[PDB]
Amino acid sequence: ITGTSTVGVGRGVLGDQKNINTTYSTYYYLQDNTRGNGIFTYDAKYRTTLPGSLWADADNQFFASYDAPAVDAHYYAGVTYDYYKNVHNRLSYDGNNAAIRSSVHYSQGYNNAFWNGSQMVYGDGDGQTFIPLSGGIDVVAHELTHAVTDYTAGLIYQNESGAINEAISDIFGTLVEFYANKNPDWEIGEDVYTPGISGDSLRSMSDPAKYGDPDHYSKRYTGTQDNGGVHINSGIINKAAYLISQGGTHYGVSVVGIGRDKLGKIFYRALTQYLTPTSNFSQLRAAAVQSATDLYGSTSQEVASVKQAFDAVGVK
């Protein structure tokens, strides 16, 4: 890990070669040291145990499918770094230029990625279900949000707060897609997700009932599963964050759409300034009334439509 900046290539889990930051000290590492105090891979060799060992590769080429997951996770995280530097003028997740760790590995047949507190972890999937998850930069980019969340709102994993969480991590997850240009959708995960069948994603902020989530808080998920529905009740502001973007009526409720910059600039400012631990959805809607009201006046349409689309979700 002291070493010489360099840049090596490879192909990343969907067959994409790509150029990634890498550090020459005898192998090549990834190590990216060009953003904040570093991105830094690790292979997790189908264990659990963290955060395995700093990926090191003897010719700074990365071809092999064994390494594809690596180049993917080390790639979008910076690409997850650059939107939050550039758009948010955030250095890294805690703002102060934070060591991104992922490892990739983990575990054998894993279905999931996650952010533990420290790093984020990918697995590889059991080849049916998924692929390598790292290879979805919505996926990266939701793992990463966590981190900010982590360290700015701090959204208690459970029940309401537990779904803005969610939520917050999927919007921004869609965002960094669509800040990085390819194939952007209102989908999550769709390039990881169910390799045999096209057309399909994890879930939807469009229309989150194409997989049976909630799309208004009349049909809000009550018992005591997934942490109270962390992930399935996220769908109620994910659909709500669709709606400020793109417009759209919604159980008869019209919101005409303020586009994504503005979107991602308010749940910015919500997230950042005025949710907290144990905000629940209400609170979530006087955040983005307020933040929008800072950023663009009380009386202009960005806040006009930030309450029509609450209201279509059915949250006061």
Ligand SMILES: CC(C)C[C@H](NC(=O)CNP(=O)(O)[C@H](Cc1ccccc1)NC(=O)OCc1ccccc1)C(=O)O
Contents of the next structure:
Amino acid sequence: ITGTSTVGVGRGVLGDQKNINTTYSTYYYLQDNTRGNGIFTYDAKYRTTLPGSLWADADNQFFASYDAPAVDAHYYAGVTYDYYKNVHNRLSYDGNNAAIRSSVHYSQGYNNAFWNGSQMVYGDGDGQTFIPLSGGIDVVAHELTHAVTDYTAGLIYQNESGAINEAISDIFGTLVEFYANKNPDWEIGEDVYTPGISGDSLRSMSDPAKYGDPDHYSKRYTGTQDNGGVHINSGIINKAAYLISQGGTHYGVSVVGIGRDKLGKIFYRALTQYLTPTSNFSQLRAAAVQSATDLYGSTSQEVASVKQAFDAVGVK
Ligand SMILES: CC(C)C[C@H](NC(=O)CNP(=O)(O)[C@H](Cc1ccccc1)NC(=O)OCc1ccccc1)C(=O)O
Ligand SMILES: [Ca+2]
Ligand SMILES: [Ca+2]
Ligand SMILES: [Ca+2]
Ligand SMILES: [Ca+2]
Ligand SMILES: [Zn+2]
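Coords for the form solved in complex with the ligand, given the form solved without the ligand:
Below, the chain from earlier opens the complete complex, with every other chain and molecule after it.
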């Protein structure tokens, strides 16, 4: 909408107060004009028609329970935009400052979130399996990274290319969580999963097998569920990325860690310059090795650690 940029205040899903960029024109809207062509957050009003209505509020204060998922979808989209711009010199998900659109209160008791090719969508959860999923900065950045992938490699969402697609979203979701530096970890979704259970999460990058996901190519899922295991076999690539950053010895293979910033640079370059819609795991290894060669040199530690990490998870 056309209006003047303002700053509201509210509480997120976890009860934390934050300021949010809004727009005033009769109402205060969840429209952040400070980032690209805008960040826009919508109310889907428990239906599945999208996007719903641009979020409007009478007083620019967002402290109601119903407001909390919108506050966090809006704010964490902004943090994710800031990460890609400041760290990778990428302007929004298309590299040309495309408007970022999110809808919250999607359906009733919906235990998921997604990028639909046009916008981000967040369920509220059923209150037992999940609380509203925009409360997780790693989840929000996971979804926005699917959009980045859509405009770059275009990894098909099936089998190995889909598991790379998923792992890319978990990797950059986690790197955004570290960027914001509030309780960062290598787990996915811990802030919104199972409010009745402390210490768990949807997935672990540091130890995927904690939640039954494979951590070695020899243990990959080969059936048809989950689009051929895209959220299962992502564990193999997530573990490799974790090893590249943090190091460790895994199935007897030692990896020298090179840190999160270099992990992000290597995988961002792989995603944007080498991966294609049908890339498989072996091709991802080749893209990551080439990317680290470009950035650090063929004889570099960084290149050696990428090779070790893929060796450790059985990907040649
Ligand atoms: C218990 C759950 C929460 C755990 C897991 N989900 C996630 O970890 C986060 N959602 P997510 O993985 O982001 C989304 C999943 C989806 C797919 C289809 C329909 C609805 C939801 N995919 C997604 O948005 O794909 C984007 C894409 C679009 C086009 C091409 C390629 C990818 C699960 O769904 O099992
Ligand atoms: Ca209000
Ligand atoms: Ca965390
Ligand atoms: Ca996390
Ligand atoms: Ca929990
Ligand atoms: Zn995903």
